[PDB]
Amino acid sequence: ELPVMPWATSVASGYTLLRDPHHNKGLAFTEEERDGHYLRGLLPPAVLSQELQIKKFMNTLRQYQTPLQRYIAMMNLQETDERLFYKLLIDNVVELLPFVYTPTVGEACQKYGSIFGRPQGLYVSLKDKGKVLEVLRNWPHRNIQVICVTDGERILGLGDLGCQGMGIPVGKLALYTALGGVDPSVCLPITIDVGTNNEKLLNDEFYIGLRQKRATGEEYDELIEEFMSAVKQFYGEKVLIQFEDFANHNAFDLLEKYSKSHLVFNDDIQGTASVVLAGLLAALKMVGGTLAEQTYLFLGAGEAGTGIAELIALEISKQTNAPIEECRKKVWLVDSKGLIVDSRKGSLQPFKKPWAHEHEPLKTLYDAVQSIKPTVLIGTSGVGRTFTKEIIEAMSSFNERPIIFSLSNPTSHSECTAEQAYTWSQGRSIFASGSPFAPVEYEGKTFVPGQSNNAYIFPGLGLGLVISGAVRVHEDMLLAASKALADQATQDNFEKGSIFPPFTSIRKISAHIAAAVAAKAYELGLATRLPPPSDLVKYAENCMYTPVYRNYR
Amino acid sequence: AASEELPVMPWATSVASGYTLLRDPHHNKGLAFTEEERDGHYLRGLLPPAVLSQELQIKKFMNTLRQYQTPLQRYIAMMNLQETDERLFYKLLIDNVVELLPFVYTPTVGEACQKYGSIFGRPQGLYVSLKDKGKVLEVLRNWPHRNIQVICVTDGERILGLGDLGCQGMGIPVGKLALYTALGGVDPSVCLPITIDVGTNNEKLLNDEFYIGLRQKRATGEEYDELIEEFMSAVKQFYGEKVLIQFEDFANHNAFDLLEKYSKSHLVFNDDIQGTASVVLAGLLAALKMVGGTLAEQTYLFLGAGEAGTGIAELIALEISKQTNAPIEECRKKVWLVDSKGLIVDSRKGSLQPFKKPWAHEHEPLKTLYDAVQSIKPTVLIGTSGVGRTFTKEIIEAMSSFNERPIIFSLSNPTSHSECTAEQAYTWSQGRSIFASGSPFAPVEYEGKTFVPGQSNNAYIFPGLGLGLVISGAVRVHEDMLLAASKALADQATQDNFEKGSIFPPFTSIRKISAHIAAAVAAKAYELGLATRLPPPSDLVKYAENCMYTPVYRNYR
Amino acid sequence: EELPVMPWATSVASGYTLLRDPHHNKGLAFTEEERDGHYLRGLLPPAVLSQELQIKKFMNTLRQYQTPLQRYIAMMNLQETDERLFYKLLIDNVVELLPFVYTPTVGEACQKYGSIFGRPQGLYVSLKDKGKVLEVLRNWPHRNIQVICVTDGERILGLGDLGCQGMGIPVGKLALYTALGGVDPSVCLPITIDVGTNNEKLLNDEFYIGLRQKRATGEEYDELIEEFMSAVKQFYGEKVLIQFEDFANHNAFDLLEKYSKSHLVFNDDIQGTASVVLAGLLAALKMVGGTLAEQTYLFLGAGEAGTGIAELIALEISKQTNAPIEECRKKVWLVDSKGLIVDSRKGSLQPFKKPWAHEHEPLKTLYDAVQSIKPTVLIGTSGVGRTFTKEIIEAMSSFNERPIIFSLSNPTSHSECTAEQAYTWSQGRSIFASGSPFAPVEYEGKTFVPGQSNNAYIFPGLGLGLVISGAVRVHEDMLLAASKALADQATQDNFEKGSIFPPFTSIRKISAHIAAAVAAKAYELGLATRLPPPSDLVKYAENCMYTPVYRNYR
Amino acid sequence: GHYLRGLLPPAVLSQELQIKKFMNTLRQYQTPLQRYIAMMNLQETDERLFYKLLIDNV
Ligand SMILES: [K+]
Ligand code: NA
Ligand code: NA
Ligand code: NA
Ligand code: NA
Ligand code: NA
Ligand code: NA
Ligand code: NA
Ligand code: NA
Ligand code: NA
Ligand code: NA
Ligand code: NA
Ligand code: NA
Ligand code: NA
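Chains as they are written, first to last, in the deposited numbering: chain A, 84 to 636; chain C, 80 to 636; chain D, 83 to 636; chain B, 119 to 176.
There may be inaccurate statements among the hints.
Covered by chain A, per the in silico footprint, the following chain B stretches (three or more residues, Cβ under 8 angstroms) [as the list claims (entries may be wrong)]:
1) 120-126
2) 141-154
3) 167-175
With a straight-line cut-off of 30 angstroms between C-alpha atoms, the simulated DSS-like cross-links for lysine-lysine are [said to hold, decoys possible]:
4) C:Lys528 <-> A:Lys321
5) D:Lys139 <-> C:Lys296
6) C:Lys138 <-> D:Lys296
7) A:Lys401 <-> B:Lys138
8) C:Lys138 <-> D:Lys528
9) B:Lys139 <-> A:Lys412
10) C:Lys296 <-> A:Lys321
11) D:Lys138 <-> C:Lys194
12) D:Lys621 <-> D:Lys321
13) C:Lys401 <-> C:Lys138
14) B:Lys138 <-> A:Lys566
15) D:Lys139 <-> C:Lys194
16) B:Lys139 <-> A:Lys283
17) D:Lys296 <-> D:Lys194
18) D:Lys401 <-> D:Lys283
19) D:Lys321 <-> D:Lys194
20) D:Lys170 <-> D:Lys321
21) A:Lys315 <-> C:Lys283
22) C:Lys412 <-> C:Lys321
23) C:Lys579 <-> C:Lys528
24) C:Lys194 <-> D:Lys170
25) C:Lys321 <-> C:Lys214
26) A:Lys321 <-> C:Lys401
27) D:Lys343 <-> D:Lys436
28) D:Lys343 <-> D:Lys456
29) D:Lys456 <-> D:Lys566
30) C:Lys472 <-> A:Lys343
31) D:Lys138 <-> C:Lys283
32) A:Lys472 <-> A:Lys315
33) D:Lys321 <-> C:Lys138
34) C:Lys170 <-> C:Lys214
35) B:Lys138 <-> A:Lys210
Keep in mind the hints are simulated off the structure, nothing from the lab. In this text, a Cβ means the ideal position worked out from N, Cα and C, and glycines have one as well.
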């Protein structure tokens, strides 16, 4: 006895067909399609193939001089011809990923109100309190399997962008489709608008959100609770909810509460941890060594930092068979007050305590790098230019091949650049970054730095959950995904300095990740699509959305 | 690859409002649209000011329905309602099942098929003809409900006792599916009535200016087989492996061949063969609970040895096999059949159609039913011959002379073709016969008692059996599911029915009867490994009840 | 244009959307090519049946329903499922079907409307829509409205106050505009204004569809009507025809008075009935000799409808003789509930009865008035059945050779007398006509076929005349012109059977002539806006007429 | 009234501010042809905004 929306169904014809992104083929409508659907005359005589349409659009797209104009033309395409959008992205993913994802999506979010054109996603605000379920009914695709949701509090390293954070889930789900093969009709981008503490946006006449400060405490928790309950009631038990770009306290609390009642994943805490782990398994495959033999130092000890560290420690426990507390002993984190150490146990946030070992207090990253002498440095602070020449030279002075992960996004917030990491280390850093850098020529050799970004993981991980009918996420699924990504890494990639295969392999990578995730769901008793298929890799491959145009009756 | 290239329908959706909402029978509530729904969907002024509950709409509709003078007028008004307010139709039907069943199923539905062209109003169901050869799948694509789970299909060749009515047989699957919804709780949106038009041999219909089908004699042999094969392969491709295909009112030889060809490859069921077997078995099981005895201890005599009749026999034998652990060849030996030529016996084997041979036991030839009844001395006598009044006074008296409580089933429909009347069975046995029939008879008063004879209607079985297949994800029908349905139906027969002589519970309990049958069928499907909705829920009765469609209006704001 | 608007989407109809749309649905007449191009294959059975065979099929089942009301029900259901089929069936079987979709069966339908309510028809505007009438009009999905027929249900035929169940009347009236007058049904809007009802039986009926209150009156009533009339002008413009039906007599007059100056309006009961009666009298005198001025007229019922008929007779006498209108009233008498309207009562009459208050001894009963005045014409508007008694008709037949008797009250059960009674009690000599239909009467070897003096002969052509000439006001001379056009169609073929009007089988030809004469008169008076006038108005009217023959669809 | 809640973000922008917003991005296109493409796109997305923008910035 929920209220229901009454939907009418009809055959799309004429301009109705041309104006529906899900069906519009533009000039690719065939002769017969045109004569059966009243398109004759509404289009010019010539029939153009999907492949020529891609070429035409790529031609005009490269004439836009700024990355933001290219993001704009891509989103406009997504909202006019969805299959072309996805075939174009897939076939040009290496070139286009920086424009629809990091870094450009970050700029899109900062300027979202000033470029806002065709509506994308669903906005749920404080003003919908008591009527969330009401709002969800307005979404015209009934069969939702993947939700990506943000409150915009922590967009990349750019801070609080409020209701303009919508570009992040819209981005993420396009990658679920393009990289992961998830059907776009079952994807739902959501922004929850509870206000913003961003003064500049509160005073901007184009800000698209509620002009108030962020709600906190009960007012916030009640809205989230109503949302999560509405999702369960409307979409069932198997809907994947992916949390994106919440602040530390909220992100942890949400994962703690809803991972017992729903199928949830936090991309920053769990996705990032998984991709970094894979990058470490591959880095050790190129330069030798075990995960247990390393000493880890993190700059930044919130969601991503502590989550990556926990996953690394967890995999150390699996490979050594030692208790988890032992496996944390060579993982150290530095926050804004400095090294996290026993003498501060007095007053650390809960998620940092397990990392506080007995050690002298140290104020700065540089002093901690000097005293701890890590084999591995991982930056997630969200603060640019924080891996200095002095730091990379130190890391290069006491390791032959220092592993440097500069994970903060977008590009301007990167801890260092690939250029700086290879030069300041004399060609010896194993380097990966959150955001893309071009190849670096150093002293006559080419380095191709891998992008340690959770886009390698979430698309296949989510596909794995969906094809298996998983109802909960378990940490062993994260380790299974990390291992499936590292296992795709080859000698070809390593010779170029790349810890990951390139994104031209992404569909195949996603199919192996999904297969390993699904297998793990079956093994733990968390899968509801029983029985398992006979070949999970083949099944994942066969499940994947293809954006080649349909023929229409 | 090649099936990815197949053209699809570009369906679009939009919010229904105004007359688009009022003209869609799936959503239309008429005067039951609340003030709030009217204000939110642009209905204000299109309806008068008053809001009428679903219960008052039912009462309103019943009052006018009862003022129509002929059964067929009532059929027409009921079909019109189905096609304008679907939830009102289903709720009206459920709450008045005993009174309305004769207007919307048997016998009125037969009369509607006879006259279907002359009363054709609002379209119902999907017609597939010989002219759609090579493009059957393109026709299925025109049906605007995408997830079909139950199909009831006919070629119209043998509609009740009325013969070949060609394309005008659509009244049958339309009626059956209404019962699947009302009695079984199958959601009407997942039900698809289909008529396959391959011509008709009914000369009257071929000359009737109002006949709605192809104006030609039936296709036979290869042309027919190929169209059917294209239909069955298109059904599988478009709706998947789990769709139920119920065959209805095919000619006899055809009905068996389709069932044997397609039981290997699809989920299929024929109501006239499998359903009837199961309801008769349920009846024997209830009768024996009423008078004592086991199925194994009986001796059974059938008048009529049609292929459909031998399937009743075979199911009785199979159940005797389960209760006894004896091979089925041993259990057939107390089941006898009489033909036009007399008792089916071993010495006739050479001149017997093959389906009769399993029943051809060692015995002296007997030319007549009466001689067979006196020689064999059955405890149970079952009529499927299609000839009225073959259970004579001499027969009923013989049956009553060597049985305390003779069990007598006159299954031939309609009433004029009944082997005997209820009045006769009870009068000629001095009140002692356990009686049931295919056609409805009024109660009988005899000396002291009042007798309400049970009616061998396979609507007692098909709705819960299909529900059971659907809720388990069953992929094949197995004969043990038919046994499980029969036992579940007989277990619902209370002492209240037995006091009045009724071996079946009344249709007022049908929704609960369906859920028990569905549970027993589902449980069998899990047991035989034929279920795909895994794992099974722990309480299948409860689960079956909660899967049942309820036609209470939805709220729209 | 701070005026909100309803955004309407437009698309090509197919599949079920086509089948369930009564305006486009052809049922089994969709052709092979239409089916293949509109996703209908399989949704319909293989055969293609013509429009004519659909009509035959439907008439066959129709004639098996045992009650008139069941036939009305089947016909409304057909109007709401296949419009073109409905209108063609009705036009080709008009004599047979009229008594089932119009008087008398429509009366019973209104009395039982809640109990038989199926497919929605028309637009309901209630007191609860106050302040929001325009918003309700926006919900009607046909934008170009040219003819509104509106009631408040207060005086439905002679049946009284039926409240919101009065809807049946405008709905039936508009069907006749289309079937009989050729107005396109898409441009017709039936409306019921629900302000409550004084019928206690309906207020206590669980199936009553209206507001469960007594009728609003005074300023409250007038405010709703004003908002309504202002909304119709703003939304449909200056040229929309508003036909008022079945208002109480006081409201009927006041609304005609007030809105005649501001809108194109027509009251069917006061003007339509006046015009069909005049035409009947013009025919009747062509058949038995004499002049309108030399008759003596007696009315039973002095409502603003009886006085309306009387006023138009006096007006045409004025035109024919040149005498002032006042003197043309001297031989026109009316009997109300307290008796004959006479000068000695004048001080205490309602003002509208005063022009008829001639000097005469006061008389209490109709019969006394019939014996004292000795009319040549007796016209009944009472709403009370069987008031033209044997004694009255015998009297009329003793001092007139051919007494003219019009028994106008509907439905049949409220008719002043029956045709059997008229011809029997007059010995075959009455020229009789009635509001409701009667079967042929056999008397001493002669067959009498009584005419129907019902405004269905007039309103269809008259509104078509207003519409095609772009008229902006109704003038009394249009009513005289319509009367004369109808009487000019009466021939000796129909007089020989005793019918003062041509049969309904000629109604399209009659309506074209009425429309031509109404339009000519609009141009002649400076009331027409479709300029310049076409030169052959009768031909133009015929060519303007809706045909319900199916369209072919691409 | 028209089932838009959630499909749009919370803020309501006036016709005038939409004009200003579109003019600001229009000026940042480098070529005349790009300005044409953006205008044609607006004519086919929001007809009234297109014509009002054009009339006020003719
Ligand atoms: K970041
Ligand atoms: Na979270
Ligand atoms: Na397509
Ligand atoms: Na039926
Ligand atoms: Na057959
Ligand atoms: Na069969
Ligand atoms: Na029987
Ligand atoms: Na059942
Ligand atoms: Na149909
Ligand atoms: Na109505
Ligand atoms: Na009358
Ligand atoms: Na949106
Ligand atoms: Na809001
Ligand atoms: Na415009």
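Hint consistency between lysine 401 (chain A) and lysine 138 (chain B) [alpha-carbon to alpha-carbon, up to 30 angstroms]: 59 angstroms, violated
Examine the stretch 141-154 of chain B for residues whose CB is less than 8 angstroms from any CB of chain A, and state whether their number is three or more. Holds, because 7 residues of the stretch 141-154 of chain B bring their Cβ atoms closer than 8 angstroms to Cβ atoms of chain A.
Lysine 138 (chain B) and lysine 566 (chain A): Cα distance at most 30 angstroms? Judged against 30 angstroms, a Cα distance of about 52 angstroms means the pair is violated.
Given as covered by chain A, does the stretch 120-126 of chain B meet the bar of three residues or more with CB within less than 8 angstroms? holds (count 6)
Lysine 138 (chain D) and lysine 283 (chain C) were given as a pair; does the straight-line alpha-carbon distance stay at or below 30 angstroms? Status holds; Cα separation ~19 angstroms.
Does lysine 321 (chain C) lie within 30 angstroms of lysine 412 (chain C) when you go C-alpha to C-alpha? Status violated; Cα separation ~37 angstroms.
Are the Cα atoms of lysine 315 (chain A) and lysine 283 (chain C) separated by 30 angstroms or less? Not OK: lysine 315 (chain A) and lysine 283 (chain C) at ~59 angstroms, beyond 30 angstroms, violated.
Holds or violated: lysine 472 (chain A) with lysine 315 (chain A), Cα cutoff 30 angstroms? 50 angstroms, violated
Distance restraint between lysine 138 (chain C) and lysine 296 (chain D), which requires alpha-carbon spacing of 30 angstroms or less: The hint holds at about 26 angstroms.
If you draw a straight line from the CA of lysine 472 (chain C) to the CA of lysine 343 (chain A), is it 30 angstroms or shorter? 74 angstroms, violated
Is it true that the CA of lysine 343 (chain D) sits at most 30 angstroms from the CA of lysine 436 (chain D)? Status holds; Cα separation ~24 angstroms.
Holds or violated: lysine 194 (chain C) with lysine 170 (chain D), Cα cutoff 30 angstroms? Judged against 30 angstroms, a Cα distance of about 24 angstroms means the pair holds.
In terms of the numbered hints stated before, the structure departs from hints 3, 4, 7, 8, 9, 10, 13, 14, 18, 19, 21, 22, 26, 28, 30, 32, 33, 34, listed from lowest to highest.
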